[PDB]
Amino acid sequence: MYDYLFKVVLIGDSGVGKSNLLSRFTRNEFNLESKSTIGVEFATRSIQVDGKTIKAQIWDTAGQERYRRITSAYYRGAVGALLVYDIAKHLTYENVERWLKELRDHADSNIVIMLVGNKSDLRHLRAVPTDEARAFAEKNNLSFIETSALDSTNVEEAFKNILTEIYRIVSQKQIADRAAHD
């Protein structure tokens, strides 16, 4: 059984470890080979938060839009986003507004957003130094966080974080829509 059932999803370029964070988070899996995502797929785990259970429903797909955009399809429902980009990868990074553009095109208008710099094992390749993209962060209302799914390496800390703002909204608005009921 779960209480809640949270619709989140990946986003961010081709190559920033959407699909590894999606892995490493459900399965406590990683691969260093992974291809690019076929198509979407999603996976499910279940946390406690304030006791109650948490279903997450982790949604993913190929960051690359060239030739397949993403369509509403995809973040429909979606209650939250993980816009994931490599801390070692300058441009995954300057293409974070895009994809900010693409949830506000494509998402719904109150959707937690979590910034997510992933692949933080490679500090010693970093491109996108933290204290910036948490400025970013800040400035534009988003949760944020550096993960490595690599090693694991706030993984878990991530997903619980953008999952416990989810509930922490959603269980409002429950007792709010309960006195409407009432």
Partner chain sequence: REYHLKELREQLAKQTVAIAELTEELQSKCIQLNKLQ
Given for the second form:
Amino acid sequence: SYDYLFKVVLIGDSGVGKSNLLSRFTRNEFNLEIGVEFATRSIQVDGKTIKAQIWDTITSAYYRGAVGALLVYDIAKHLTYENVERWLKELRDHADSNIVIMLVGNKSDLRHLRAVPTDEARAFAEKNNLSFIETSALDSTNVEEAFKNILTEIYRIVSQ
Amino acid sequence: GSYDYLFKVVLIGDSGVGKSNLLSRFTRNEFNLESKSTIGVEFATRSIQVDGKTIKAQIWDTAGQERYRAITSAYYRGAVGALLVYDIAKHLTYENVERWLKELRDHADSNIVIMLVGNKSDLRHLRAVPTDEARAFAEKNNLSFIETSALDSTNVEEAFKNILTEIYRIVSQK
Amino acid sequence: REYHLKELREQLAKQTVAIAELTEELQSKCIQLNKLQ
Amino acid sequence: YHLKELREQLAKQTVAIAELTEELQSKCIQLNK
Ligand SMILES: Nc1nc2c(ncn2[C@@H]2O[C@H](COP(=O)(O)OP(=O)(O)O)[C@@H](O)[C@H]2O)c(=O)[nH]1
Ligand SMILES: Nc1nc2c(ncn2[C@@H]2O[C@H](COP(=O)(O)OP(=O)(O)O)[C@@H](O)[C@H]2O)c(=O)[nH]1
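Got the form deposited without its partner chain; any chance of the form deposited with its partner chain bound too?
Next comes the full complex, this chain leading.
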């Protein structure tokens, strides 16, 4: 089985693709359509087996033990990005101080309908010590790269 | 604080024998005089000391099984100990012990530690199941045996500490 | 009305399965840890 | 009626899952030594 087990939570406004980011990473599925659930996926990092349980959508229990967080917005819906500030505060208030956070701009496949400039998003991320990457759960772009990125940053940290 | 071992122990038997109260008496020192509220079945924890090692017990009530029948396997999964509970003043609950035992054989590990428990010893003036007969049954089926009273809090601590110790002694001899 | 109750139980059931799987793994971890230090 | 009890129980179980995860996560880190 696994060597490590990391809890990673997905936060962000409804409809940004959190559920689809989870389904594509854990079972390579995308759809077009509650309570609290999670799914697991194992990857290799430094010869070690890292099992990630990714959580989607009690607020204190949700963040409890979370070592990673993907703050997700919609690059075609600027409203979802304006609310990133609110989600970040919920993280800072209800989670660990050493949690690894990545700002994820989903639906990169809608570049022609982009409402959030990537330079502006990265500027926000860099100032707030957040990782940043644009993804597309639809056509599977940077999804593996996103999760593998955050799971590696977490791993290197706990390797102390 | 933390612990040195986590052991899962399940409570098994007919409804009304006192499973919920054995659990509440051991984990919280609380007792309910009335009939328990049946919902999504639950569990509770308590830490005791065995040979210096802190042993945390995750104790389950398995009543709602066969109402959440699809997940019956979840109740028995990882269970290293089992309390087979009956009512000493209700012989019917004692007959059904052989039934719950076959249930245990199928759903649980072949080498799970089983203790036969006669609860409501405080109702000894209405004893329907003689101790000698019950103890002999436990001997015939290789079961540990104790009589308890969740109400009077008699042998409750001992019952759990016995099975947890026995479990620990087994995994430590590995 | 009735659909909420049935939907809840399914969620309750699935979380219970999750708990049992975690506990079993946690049991095994503690045992093999005590076999060391 | 008895649906509010189910909501609280789902909440309690999530907390339990979180605690279990946390401890597993901690134990694994200790195991690599
Ligand atoms: N074009 C595009 N649509 C997406 C992407 N990810 C999710 N969606 C769509 O967004 C809608 C809602 O996404 P959902 O999974 O419910 O996000 P959540 O509510 O935040 O968890 C779905 O109909 C998806 O088809 C993506 O990468 N590209
Ligand atoms: N006199 C007496 N009554 C008990 C004892 N343990 C439980 N009861 C009562 O038996 C009834 C049913 O017990 P319960 O805990 O619900 O059994 P369960 O359905 O198997 O979990 C309750 O009214 C309890 O108060 C005991 O040790 N002595």
